[PDB]
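Full structure from sequences and hints, please.
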Amino acid sequence: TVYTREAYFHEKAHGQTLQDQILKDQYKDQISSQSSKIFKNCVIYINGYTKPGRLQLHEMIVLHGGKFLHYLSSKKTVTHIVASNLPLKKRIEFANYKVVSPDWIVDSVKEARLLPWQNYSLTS
Amino acid sequence: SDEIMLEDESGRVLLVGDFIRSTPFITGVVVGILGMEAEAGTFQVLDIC
Amino acid sequence: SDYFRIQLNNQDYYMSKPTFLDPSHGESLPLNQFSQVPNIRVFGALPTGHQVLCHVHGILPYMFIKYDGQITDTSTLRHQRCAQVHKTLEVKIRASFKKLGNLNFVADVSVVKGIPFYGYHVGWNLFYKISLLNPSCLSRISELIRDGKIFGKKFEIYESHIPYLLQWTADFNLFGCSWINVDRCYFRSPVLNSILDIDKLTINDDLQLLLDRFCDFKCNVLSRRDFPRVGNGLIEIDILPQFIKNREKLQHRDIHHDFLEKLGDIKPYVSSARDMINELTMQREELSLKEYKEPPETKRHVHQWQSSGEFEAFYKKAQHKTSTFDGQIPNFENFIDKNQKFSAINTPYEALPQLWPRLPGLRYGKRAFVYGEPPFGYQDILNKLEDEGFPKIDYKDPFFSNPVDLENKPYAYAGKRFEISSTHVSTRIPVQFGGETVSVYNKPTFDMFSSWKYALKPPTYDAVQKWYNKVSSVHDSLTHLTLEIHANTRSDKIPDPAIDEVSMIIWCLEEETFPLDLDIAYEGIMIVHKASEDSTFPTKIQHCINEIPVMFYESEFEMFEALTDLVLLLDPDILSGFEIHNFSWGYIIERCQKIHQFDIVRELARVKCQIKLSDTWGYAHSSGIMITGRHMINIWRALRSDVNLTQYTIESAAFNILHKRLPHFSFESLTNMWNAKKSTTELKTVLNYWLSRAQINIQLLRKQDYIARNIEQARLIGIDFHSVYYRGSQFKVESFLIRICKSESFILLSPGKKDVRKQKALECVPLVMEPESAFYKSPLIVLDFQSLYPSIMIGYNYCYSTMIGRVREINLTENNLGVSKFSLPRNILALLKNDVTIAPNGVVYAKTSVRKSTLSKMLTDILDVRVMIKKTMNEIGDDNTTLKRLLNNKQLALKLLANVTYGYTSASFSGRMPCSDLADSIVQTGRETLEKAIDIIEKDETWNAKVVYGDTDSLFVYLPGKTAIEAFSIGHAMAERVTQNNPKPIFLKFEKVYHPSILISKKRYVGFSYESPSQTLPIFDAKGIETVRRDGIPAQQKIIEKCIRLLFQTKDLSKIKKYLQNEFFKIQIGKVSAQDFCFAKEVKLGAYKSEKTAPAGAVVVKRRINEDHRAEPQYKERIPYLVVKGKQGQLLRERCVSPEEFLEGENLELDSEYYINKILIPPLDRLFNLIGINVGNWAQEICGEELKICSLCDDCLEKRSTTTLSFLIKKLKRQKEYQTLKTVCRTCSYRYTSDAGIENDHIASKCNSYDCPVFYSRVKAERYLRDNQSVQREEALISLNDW
DNA sequence: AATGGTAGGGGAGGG
DNA sequence: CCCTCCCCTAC
Ligand SMILES: Nc1ccn([C@H]2C[C@H](O)[C@@H](COP(=O)(O)OP(=O)(O)OP(=O)(O)O)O2)c(=O)n1
Ligand code: SF4
Ligand SMILES: [Ca+2]
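Protein chains in written order, with the numbering used here: chain A, 1 to 124; chain B, 1 to 49; chain C, 1 to 1283.
These are calculated hints, taken from the structure and not from any lab test. Incorrect hints may appear among the rest.
[Stated by the list, open to error] Result set (EDC-like, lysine to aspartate or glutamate): computed pairs, CA atoms no more than 16 Å apart in a straight line:
| id | chain 1 | residue 1 | chain 2 | residue 2 |
| --- | --- | --- | --- | --- |
| 1 | A | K90 | C | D1165 |
| 2 | C | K1246 | C | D755 |
| 3 | C | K678 | B | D8 |
| 4 | A | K51 | C | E1140 |
| 5 | C | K1211 | C | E1186 |
| 6 | A | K89 | C | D1165 |
| 7 | A | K51 | C | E928 |
| 8 | C | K753 | A | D107 |
| 9 | C | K154 | C | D68 |
| 10 | C | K1102 | C | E1041 |
| 11 | C | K677 | B | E7 |
| 12 | C | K530 | C | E554 |
| 13 | C | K317 | A | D107 |
| 14 | C | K1260 | C | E1153 |
| 15 | C | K678 | B | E9 |
| 16 | C | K1003 | C | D953 |
| 17 | C | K154 | C | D755 |
| 18 | A | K37 | A | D107 |
| 19 | C | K540 | B | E9 |
Quick look at the structure:
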């Protein structure tokens, strides 16, 4: 039928998922059960400026398990959201959500074990 | 508009002559214009009513 | 000059039977003729200004495909293979359409050489050259070829998305709205066509000289029988591709066939930019300005990215994989295969001549002790204080003028504590000595007989005195025509093209750009008047007008025929009108098609014959109705695209642009004033109404410079006049790319829809830093890159022809890059081990040393033009505000063109030549450059400035307490350092500085901007906030602007609170203009999923449609509406009170509470919660003729002498206001009435324009006079006066 | 029948 | 309380 524009975003998301799977298949140097499934059943969305930067943290997220989200269309289908800075309005809107510093992913990758977000929470 | 023009719900013509020039006029009043037709589409004013 | 010149205004193609001026044989198949051949009709204008119809023969569309042969052919098997493939393609195409001969679809196929443009290709590549006879089937044949319907394999097609007209113009170096040069031309049957009096009236000495020099009446004149005239122009000519002298001037370069650039063997790439530069220099020289120059600065760039090491390792691995086992190392000299016998084949531009027709001092004291010198000084105190850790300047935070608004409550928002204290003496802390406050604890002891003196100083004498004292003989433009109509509707139902006839048509050709100075008044009136009607009417109308000649016709058909004849005689190039869909040309066309059964479109066209289907895209976007040979514009749509108004109404547009107010009368009033036996005043009023409409529209088009800007854009891009505003920016990008790349024998890939859909997604996104929601009292420095993406293209060499492929997955068999798959040479990476550039996402790009990109040249030329325009704009200060506006519009257009050139990539939807990898690399390197700039800014210890907000290129730098004077130098230093650390094309400019700035969220900030230190009055700058958004109401915009200005200037929240309370009380009472409380949201009737999801304005549109089907708004047209008071729980869409229904409503009251809450509380809270206060508290804190609480006459206390005085005062004030409003309306209506006496006040009161506040004020005054309250006051007055 | 992308926010109706 | 559709703006 007509391509329109609503289905274009869905096709873009499907293509992003396929490319992430292809990149994961290409990157076979990761050890099994170590630094490869630390972010299992976890969805991470990058918001705002990050010190490691996106398209680099994206590789660490994709290779080490889990799915990467480029658009936060639905708030249910996301576990952890990464944002170095958040305004007051967005802090109010995103209450009771797990917002962590961008150093959490690199710390978990270096430690080779999933790290709790209690200490790495953006608040306080 | 520096010239006085007449209307009677049927048409508008130009009025010329020294008789009507030296007389103030306000729209909404009616007068009886008498005279002869000029060379152009204008009516000369000779006597007034 | 010595060359025939015709300005290419409009271009069209039509199929015709072959003649002896057209090629009747094909090189591939010399034994087969052509059933039909394509011909191009060009509607041109001579430099004298006369129109001319130009026929172009021998132009055949062609497309390229991969060659299935080899490079070792002996020039004999190639012809046989071409003949076989041509026969197979023709047979398959004809079978699909549903040996023999008589070729009709495919003309000829040849073998040509070329360099592919999609990817890095160096060696010569052979391509087939399939020439088609029907340009309309190009897309269908491309789709058939790409799907492998003809051949077994799915052969890739090249150069198929380019339009036939665009391809021909690029091949022949033709520019839209530009002269064409021919050495000789073949004249048609008559040397001067005379439809009515065209030959006699348009005859001039210049035409005589031109036709005597370029025609001899023996050879140039063609036979009447074989070549009859087709066009409705004064002169029609026929040319050949050999005749056109616009070619042979292009610079053809062959450097892409090998590493010529690297070996060293052998700026204005686009010729259109030179003309624009020369014109701009001539314009700036008229002001006695200086020369043009730009001093560059040396850049000390190193630039490794975040993942440079991994990409380098992967590149090394790929080079190890794709390399021959030992052997000789590749060299730039012998890498290509020499002696390949490629000279036999012909270049793409050398194949164009083939298949052509080929026609034939104070003392201290007696004993004084001196103390030690102070540790600090006048200048070092500030530096020492700053080093101590406190800001140099302590800007005052928002406060309260009086402590009564403090409320003694903690001020906080989202967990952030805010300290707000008043400057009043009540809340000021006492002065403390040694860190401990001092105060009296014991009760005061007052004595007897104590004298006191006032403390506050009185105003000075000087202040009171000061207060009292103050209180070229060459046609280079397009002819223009404007038409408007008047219809006698029945009752109040608006014009109807089915039951209502046209009674009057007014035309006014634009005399500014109309040449030939023929005998016409430039304005005319056409009115139908049957002889059976009242007599002396034509004489009355002529005497009423007495300036513009008026033509009268018995019937509407005769008037339409006369209008068509006048259009043919004048032959305008542009037909206009405010709304050419429901009125003007559209109404006449609908009437002729429906009731008169006349095809007036063909008659109005410039061709007698040879003209299909309607185009919904034209109706939706612009220029719904198409007339051959003429360009039509939806002028209201053009104004919508140009200026950001809120109503887009002719009266509103006139008031907003030309500063002229035009009364609007209902169609019932028009049909009651246009009837017979009426006064001359009414006829004069309606005639002047239509004349003012036409003249105002003409002046609007002249002031907006729409025609001139579009002509300049067409000349620069090269497309025709129509495609500038009809087609998208992708057409301009394709035209520029084709024109630039055709000089290097480049071949452009044409991927299909499936290839674009299946392309890689765009994961890389631009950086949008989240701002901190706070009120920045200290000056904020904003730094924005100028043409960041074009600078990236210029510097890092990012283009389609300089892509080796993604760094990963590289192999010598098959790689995926963009929308195509190709193969790399055996040792391409080993030879290019040094002249390569790695993109931040992992894409290898060739260095500028080995390959210079065409996109780089085009973007460099565009950026040079834009920089010169900006320099000229900055060089002129307040000398000519219209020239500055025109230059700003031109530079906006250039920036938009550069942005569209970038946006040709990443076009995953509706993209003809997209490439995900290139655009991803561009945005990723832009984000990396922004991150590096942020790191550089934050690294330096000379300024503790921290970036708080950042756009895709913009950078918001906070400067705490820098006094706003050193901030200019600090920002200049930051910009210079960032530019030095970046590449040569990349430049960073200071732009402006935000002294008072509020950051709400992403893409939403408001503050005061200081463009230059010399500026004294700051300019209000708002982005994304409700002030600039049109989804609200003017009242909320004004309130927000006033509150923001008060907060930024006085910094006293008490004044803002008082103003807000006053506004809320005024809204609740009802003393509002009722014009600033109406919404303006466009509605798309056909773009709604369901009625439930339809917008608020859709309900009003449907309600208006139900009562009358002719009130159908155009696509994306704003529909005003208001929200009246309703029952509790009622939906917002339910009420949907239209302004016409609201004003006519006897007992309709606007929802004061709904407005006050839902239009003011959210935006004011968003703009003020960053300070620590909420506007909701301020909003919530706010029987009987007089206000005795309660009480016949409804008055407890008599107080006759005061009550009657108050009633008289109120009545007198209301009557005086009404009289002033009536006088103003009468003066305004004098423009049409041309009379200040009786029968003009009635016309003035008949006005009901909704774009003028005077009408709303008059309606309110009439309602107040006719209200029940006025009756009650009169009854009370009578009762009190009854004594 | 034509359409250049990216992102972000807010308001109304239905859960 | 959160999702979806419509409107609008900034790059
Ligand atoms: N409609 C747009 C606007 C911008 N951009 C991209 C390309 C631009 O290079 C970048 C920043 O655009 P700006 O509007 O900030 O301005 P420019 O970079 O074009 O130049 P200048 O700052 O001189 O106006 O965003 C885009 O792709 N599409
Ligand atoms: S309302 Fe009075 S003022 Fe406003 S336009 Fe109509 S007439 Fe002129
Ligand atoms: Ca910019």
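Do the hints match the structure? See the list:
Only pairs whose Cα atoms come within 16 Å are accepted, and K90(A) paired with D1165(C) is accepted, the gap being roughly 14 Å. In summary, the hint linking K1246(C) to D755(C) is not supported, as the alpha carbons are separated by about 62 Å, beyond the 16 Å threshold. Simply put, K678(C) and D8(B) have alpha-carbon atoms about 11 Å apart, close enough for the 16 Å limit, and the pair holds. The straight-line distance between the Cα atoms of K51(A) and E1140(C) is roughly 57 Å, outside the 16 Å bound, and the hint therefore fails.
Between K1211(C) and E1186(C), the direct Cα distance comes to roughly 15 Å. Compliance with the 16 Å bound is thereby established for this hinted pair. Our distance criterion of 16 Å between C-alpha atoms is met by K89(A) and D1165(C), whose separation comes to about 11 Å. Of the supplied pair hints, the one linking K51(A) and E928(C) holds, its CA atoms being roughly 11 Å apart against a limit of 16 Å. A hinted pair counts as satisfied when its Cα atoms are at most 16 Å apart, and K753(C) with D107(A) does not qualify at roughly 44 Å.
The hinted pair formed by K154(C) and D68(C) meets the criterion: a straight-line CA distance of about 12 Å does not exceed 16 Å. For the hint pairing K1102(C) with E1041(C), the CA-to-CA distance comes to about 34 Å; that exceeds 16 Å, so the pair is violated. A distance of roughly 13 Å separates the Cα atoms of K677(C) and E7(B); the hinted pair therefore holds under the 16 Å criterion. As the CA atoms of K530(C) and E554(C) are separated by approximately 5 Å, the hinted pair is consistent with the 16 Å bound.
For the given pair, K317(C) sits about 29 Å from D107(A) by alpha-carbon distance, which is inconsistent with the 16 Å threshold. Taken as a hint, the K1260(C) and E1153(C) pair is broken in the structure, with Cα atoms around 20 Å apart against an allowance of 16 Å. For the hint pairing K678(C) with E9(B), the CA-to-CA distance comes to about 7 Å; that is within 16 Å, so the pair holds. The straight-line distance between the Cα atoms of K1003(C) and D953(C) is roughly 12 Å, inside the 16 Å bound, and the hint therefore holds.
About 12 Å separates the Cα atoms of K154(C) and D755(C), which keeps this hinted pair within 16 Å; it holds. Of the supplied pair hints, the one linking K37(A) and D107(A) holds, its CA atoms being roughly 15 Å apart against a limit of 16 Å. Taking the CA atoms of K540(C) and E9(B), the gap is about 10 Å. The hint holds against a cut of 16 Å.
The earlier numbered hints that this structure contradicts are 2, 4, 8, 10, 13 and 14.
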